[PDB]
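*Asks:* Residue-level listing of the chains:
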Amino acid sequence: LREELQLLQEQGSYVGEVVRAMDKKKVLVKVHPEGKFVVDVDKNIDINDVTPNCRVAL
Amino acid sequence: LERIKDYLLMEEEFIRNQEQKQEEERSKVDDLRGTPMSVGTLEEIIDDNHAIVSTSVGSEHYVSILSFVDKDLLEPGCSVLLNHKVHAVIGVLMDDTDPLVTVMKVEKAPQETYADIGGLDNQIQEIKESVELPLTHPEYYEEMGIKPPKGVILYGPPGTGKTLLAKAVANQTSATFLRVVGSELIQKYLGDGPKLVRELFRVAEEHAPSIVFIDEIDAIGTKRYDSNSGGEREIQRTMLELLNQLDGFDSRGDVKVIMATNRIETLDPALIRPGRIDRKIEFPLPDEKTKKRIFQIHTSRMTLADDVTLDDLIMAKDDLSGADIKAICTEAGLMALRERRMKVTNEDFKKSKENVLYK
Amino acid sequence: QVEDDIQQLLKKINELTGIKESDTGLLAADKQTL
Amino acid sequence: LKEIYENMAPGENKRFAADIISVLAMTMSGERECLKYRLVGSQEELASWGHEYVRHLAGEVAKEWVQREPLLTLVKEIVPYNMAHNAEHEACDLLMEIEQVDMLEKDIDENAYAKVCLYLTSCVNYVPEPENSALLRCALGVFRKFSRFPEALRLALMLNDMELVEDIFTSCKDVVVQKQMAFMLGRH
Ligand SMILES: Nc1ncnc2c1ncn2[C@@H]1O[C@H](COP(=O)(O)OP(=O)(O)O)[C@@H](O)[C@H]1O
Numbered sequence: 059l060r061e062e063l064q065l066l067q068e069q070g071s072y073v074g075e076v077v078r079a080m081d082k083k084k085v086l087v088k089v090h091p092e093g094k095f096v097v098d099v100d101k102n103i104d105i106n107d108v109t110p111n112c113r114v115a116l
Numbered sequence: 065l066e067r068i069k070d071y072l073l074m075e076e077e078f079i080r081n082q083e084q091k092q093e094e095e096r097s098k099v100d101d102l103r104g105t106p107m108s109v110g111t112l113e114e115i116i117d118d119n120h121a122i123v124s125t126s127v128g129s130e131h132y133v134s135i136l137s138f139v140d141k142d143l144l145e146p147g148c149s150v151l152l153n154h155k156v157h158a159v160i161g162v163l164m165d166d167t168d169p170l171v172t173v174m175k176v177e178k179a180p181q182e183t184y185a186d187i188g189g190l191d192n193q194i195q196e197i198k199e200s201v202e203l204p205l206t207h208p209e210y211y212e213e214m215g216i217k218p219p220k221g222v223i224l225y226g227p228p229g230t231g232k233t234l235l236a237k238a239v240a241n242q243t244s245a246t247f248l249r250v251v252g253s254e255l256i257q258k259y260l261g262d263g264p265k266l267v268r269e270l271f272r273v274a275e276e277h278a279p280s281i282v283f284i285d286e287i288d289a290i291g292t293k294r295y296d297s298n299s300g301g302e303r304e305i306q307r308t309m310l311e312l313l314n315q316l317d318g319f320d321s322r323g324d325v326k327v328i329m330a331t332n333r334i335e336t337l338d339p340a341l342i343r344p345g346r347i348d349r350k351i352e353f354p355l356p357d358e359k360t361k362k363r364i365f366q367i368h369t370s371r372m373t374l375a376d377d378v379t380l381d382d383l384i385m386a387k388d389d390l391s392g393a394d395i396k397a398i399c400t401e402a403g404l405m406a407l408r409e410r411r412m413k414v415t416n417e418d419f420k421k422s423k424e425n426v427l428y429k
Numbered sequence: 047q048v049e050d051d052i053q054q055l056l057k058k059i060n061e062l063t064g065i066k067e068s069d070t071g072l080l081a082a083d084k085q086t087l
Numbered sequence: 106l107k108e109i110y111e112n113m114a115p116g117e118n119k120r121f122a123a124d125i126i127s128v129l130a131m132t133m134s135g136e137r138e139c140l141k142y143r144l145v146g147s148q149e150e151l152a153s154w155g156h157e158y159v160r161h162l163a164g165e166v167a168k169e170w179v180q181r182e183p184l185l186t187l188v189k190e191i192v193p194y195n196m197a198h199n200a201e202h203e204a205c206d207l208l209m210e211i212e213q214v215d216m217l218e219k220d221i222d223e224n225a226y227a228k229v230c231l232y233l234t235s236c237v238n239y240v241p242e243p244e245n246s247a248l249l250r251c252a253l254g255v256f257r258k259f260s261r262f263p264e265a266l267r268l269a270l271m272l273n274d275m276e277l278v279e280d281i282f283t284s285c286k287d288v289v290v291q292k293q294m295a296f297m298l299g300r301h
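Protein sequence lines, in the order shown, are assigned to chains J, I, H and Z. Residue numbers for the first sequence follow PDB author numbering, beginning at 59 and rising by one. PDB author numbering puts the second sequence at residues 65 to 84, 91 to 429. PDB author numbering puts the third sequence at residues 47 to 72, 80 to 87. PDB author numbering puts the fourth sequence at residues 106 to 170, 179 to 301.
Careful: at least some of the hints might be erroneous.
[Unchecked claim] With the C-beta cut set under 7 angstroms, the calculated list includes, among others, these residues of chain H facing chain I:
| # | residue |
| --- | --- |
| 1 | 47 |
| 2 | 52 |
| 3 | 54 |
| 4 | 55 |
| 5 | 61 |
| 6 | 66 |
| 7 | 69 |
| 8 | 72 |
| 9 | 84 |
| 10 | 87 |
[Said to hold, decoys possible] Pairwise CB distance ranges (calculated):
| # | chain 1 | residue 1 | chain 2 | residue 2 | range |
| --- | --- | --- | --- | --- | --- |
| 11 | I | 96 | J | 114 | 24 to 30 angstroms |
| 12 | Z | 197 | I | 179 | 39 to 45 angstroms |
| 13 | J | 91 | I | 203 | 53 to 59 angstroms |
It should be emphasised that the hints constitute simulated quantities derived from the structure, not laboratory data. We treat Cβ as the ideally placed atom computed from N, Cα and C, and that holds for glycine.
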């Protein structure tokens with residue numbers, strides 16, 4: 059388990075502020091310092107289970 | 065018989081409609103973009119399917135659209151789909167549900183009805199005919215080379231029924247109902263009386279034919295709110311704004327206009343003049359008959375003691391409007407609910423009359 | 047309705063038609086330029 | 106009274122008996138003899154209001170309905194049931210099937226106008242197994258508002274044809290009304 063600790067190195071995670079979801083499949087979002095991005099979701103979540111005003115690991 | 069042939073025809077049309091290489095091409099169109107892309111705002115534009123954009127972080131790149139969707143679909147100063155590479159325009163966007171259209175855009179029914187306003191008529195036919203009419207049956211004006219009654223004005227004391235009318239129409243109307251108050255037309259930020267007016271009018275023009283309604287247009291003058299600036303050399307413009315927007319250049323189109331003021335002595339003539347506001351309607355304060363319809367209407371939808379006589383109340387107050395009468399109707403309700411009594415009595419209305427009117 | 051009848055079927059022809067060569071031919082204005 | 110009923114191919118005369126005895130069979134509470142008169146009602150209740158009889162017994166055959182006068186005449190209550198309405202479209206299509214060169218001459222020689230005969234037309238020549246004209250000479254006759262100008266020109270257009278060239282000729286009598294008809298006949 060402590061061997062995959064290199065994982066921490068993989069990269070980082072971007073919290074984000076969802077502006078709202080739409081059609082075509084891709085959540086519309088404004089991260090934080092930067093601004094709005096419309097971007098795909100994780101496969102493990104719906105588009106529908108995604109509401110407006112909520113944090114999510116990008 | 066041909067109806068069947070007609071129906072299946074309609075059906076076959078549905079199939080071909082639904083019936084709408092390409093997959094790759096579509097994926098090519100997906101592949102072309104980037105996952106994920108980047109929001110960014112329009113600035114200038116050029117026939118080179120590229121202009122300079124605008125960003126919060128404010129990189130402004132020159133970039134093409136990924137072209138099937140269009141540049142002319144959009145205007146300068148508008149957020150567009152950009153890659154993260156060059157911020158390449160990847161396509162248009164949809165000006166998300168702003169917070170203007172919402173507020174100003176009464177969707178659900180307005181309640182009431184054109185057979186709820188006891189004691190009116192000529193006032194009614196005047197408004198309806200001038201506005202509601204040309205909206206429903208607009209086929210006459212198309213022959214008499216006339217148009218519709220531009221704007222309309224409602225005035226009179228406090229409780230004549232001006233808001234009812236705005237409420238009645240909306241009840242059986244069919245056009246976007248923009249309910250903007252002038253009092254709100256007075257914010258605490260310089261040069262903001264002309265944004266609100268533009269946004270309300272701009273929002274009205276977009277939703278296509280609609281009813282812009284301004285209740286208490288007087289409040290735009292007969293009032294000087296602390297938190298403001300300029301004091302009154304600002305409100306004036308805001309008037310000027312209203313006067314200009316509610317009026318000339320461009321070509322307003324189907325924005326009908328409804329103003330609800332109590333005192334018409336404090337309106338700039340520029341707003342009253344015709345063109346801007348033609349039909350000028352008054353709301354008299356009942357009398358002895360209208361009130362009967364008003365009283366009967368307000369006490370007819372409840373367990374009103376069939377003993378008492380709405381008359382006593384009608385001949386009671388001196389010049390009570392269509393409100394005071396309603397308050398008495400309601401007063402009994404609380405009286406009724408007070409001493410726990412399904413049906414009200416005499417005093418209940420009495421206490422009401424003396425509880426509301428007098429006090 | 048007869049005229050109206052002719053109207054419907056006529057329109058259905060293209061509808062029927064359009065689907066045909068649609069099947070047959072199955080980006081570059083831009084995807085090239087892109 | 107079943108005897109005078111034995112010959113059932115009448116265009117009309119079989120009607121009243123097939124209404125009376127059938128209503129005599131309808132108030133009698135029966136679904137047998139009643140239908141036999143419904144095929145053979147070439148009028149049952151046309152002017153008079155129809156009971157449960159017409160609605161049920163017409164259509165029962167109506168969907169069953179080269180040709181059987183039983184079927185043919187059953188709907189000669191129906192197409193008139195649609196003509197008493199003067200509006201519009203249903204048993205005409207029933208008639209388009211019928212390939213009877215009597216009825217199409219025989220049905221509406223009178224009555225309807227405007228839009229109404231305009232859509233009778235496309236049914237007249239085109240739709241039946243054969244091609245027909247008669248109404249467009251026949252009901253055509255009276256053509257009050259210009260016999261025929263009003264409706265026939267609505268007919269003279271459409272069917273990008275020319276058969277309606279006389280139709281305008283016949284009514285259009287003014288040189289200059291005909292000059293327009295002339296071009297109208299010319300435009301075909
Ligand atoms: N004659 C009447 N018929 C129906 N409702 C009335 C009548 N008189 C008063 N009301 C009620 O009282 C309220 C008075 O509002 P309004 O007429 O707009 O007065 P103001 O213009 O002073 O605001 C309305 O909402 C209406 O429902």
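*Asks:* Does each hint fit the structure? Answer for all of them.
*Replies:* Tested hints:
| no. | hint | result |
| --- | --- | --- |
| 1 | 47 | holds (5 angstroms) |
| 2 | 52 | violated (10 angstroms) |
| 3 | 54 | holds (3 angstroms) |
| 4 | 55 | holds (6 angstroms) |
| 5 | 61 | holds (4 angstroms) |
| 6 | 66 | violated (10 angstroms) |
| 7 | 69 | violated (10 angstroms) |
| 8 | 72 | holds (5 angstroms) |
| 9 | 84 | holds (6 angstroms) |
| 10 | 87 | holds (5 angstroms) |
| 11 | 96/I / 114/J: 24 to 30 angstroms | holds (28 angstroms) |
| 12 | 197/Z / 179/I: 39 to 45 angstroms | holds (43 angstroms) |
| 13 | 91/J / 203/I: 53 to 59 angstroms | holds (56 angstroms) |
Violation of the numbered hints given earlier is confined to hints 2, 6 and 7; the remaining hints are satisfied by the structure.
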